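As a starting point, one isolated chain is supplied in structure tokens, in the form deposited in one PDB entry.
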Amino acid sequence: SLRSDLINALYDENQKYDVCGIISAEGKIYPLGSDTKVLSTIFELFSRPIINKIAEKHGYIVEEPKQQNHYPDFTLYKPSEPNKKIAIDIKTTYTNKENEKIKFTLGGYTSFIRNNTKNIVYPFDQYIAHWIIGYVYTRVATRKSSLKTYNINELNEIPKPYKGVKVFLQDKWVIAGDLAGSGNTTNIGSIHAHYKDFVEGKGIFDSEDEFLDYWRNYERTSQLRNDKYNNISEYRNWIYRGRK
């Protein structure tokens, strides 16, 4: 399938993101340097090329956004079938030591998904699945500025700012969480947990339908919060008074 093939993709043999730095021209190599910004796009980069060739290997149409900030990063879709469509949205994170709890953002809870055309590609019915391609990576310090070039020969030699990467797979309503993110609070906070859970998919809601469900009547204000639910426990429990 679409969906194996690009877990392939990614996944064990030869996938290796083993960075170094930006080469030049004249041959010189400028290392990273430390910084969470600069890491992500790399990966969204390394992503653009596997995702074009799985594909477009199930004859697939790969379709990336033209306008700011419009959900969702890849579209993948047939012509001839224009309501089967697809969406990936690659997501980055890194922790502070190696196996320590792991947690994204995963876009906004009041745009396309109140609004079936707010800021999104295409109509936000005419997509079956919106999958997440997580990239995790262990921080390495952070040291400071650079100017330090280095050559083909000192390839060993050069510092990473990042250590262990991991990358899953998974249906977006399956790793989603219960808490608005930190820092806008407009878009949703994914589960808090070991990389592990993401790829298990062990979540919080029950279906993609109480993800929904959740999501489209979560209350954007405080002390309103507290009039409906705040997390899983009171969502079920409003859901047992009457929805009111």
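The term rigid core refers to the most C-alpha atoms you can superpose between the two forms while keeping them within 1.5 Å. Numbering follows the first chain given and starts at 1. What changes on going to the form deposited in another entry:
- Positional change of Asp89 between these two forms stays under 2 Å at the C-alpha, relative to the superposed core.
- Fitting the two forms on the rigid core leaves the C-alpha of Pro159 displaced by at least 2 angstroms between these two forms.
- In the core-superposed comparison between these two forms, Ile29 has its Cα shifted by at least 2 Å.
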Contents of the next structure:
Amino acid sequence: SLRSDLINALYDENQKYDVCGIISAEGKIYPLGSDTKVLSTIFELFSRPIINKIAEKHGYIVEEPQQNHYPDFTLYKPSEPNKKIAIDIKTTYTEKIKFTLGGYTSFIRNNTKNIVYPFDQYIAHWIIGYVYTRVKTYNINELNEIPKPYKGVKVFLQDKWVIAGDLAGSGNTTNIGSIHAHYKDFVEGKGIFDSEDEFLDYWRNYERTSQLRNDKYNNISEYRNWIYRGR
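Can you give me the structure for the form deposited in another entry, which would complement the form deposited in one PDB entry we have just seen?
Excluded here are partners and other molecules; the one chain stands alone.
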């Protein structure tokens, strides 16, 4: 399937590749820095052509956002527009890890807010997650010598709702937080939500601050009880 093929390609490319730095048209190479801000960018650029190849193979068109719009890549067959696939690349570093899974006050609450296509046209939302362990200009003949700012990159592909957690991933920027677990748990899909509907309902009614949440719910246990009693 598109998913299995996508997973295998990312898994493969990541085994046989290491990004060294940026290159100028005159062939000078510039090394990478340690800021995850740098790596997120590097992993997004590194993923682009792979997603595109696998997609094209399966008859899917790919569209990128325009600024501030989810998702990184929108896939769909020309014949079935109403059945889009949204893929977003998330990065974190290292042990348990956690990801910020996007805002909970935009498209999940307002169909056309900050999203490339209306939210209801997407049938799937995948997360490609990259996990890396944190660790002069160069010429082409030196690519092997350039030091990298990371080690042991792991990648996984999973449904957003499946790895979504019950605690916010950011305060002021109101992001959904992922489960806090090991990489294996992400691959296996050992989350907390029972369905994508439960995921969407929980995050659609989550209050922005703990003060507001004290009266409603702060975690999945409390949410289910609140549901049991009539909301």
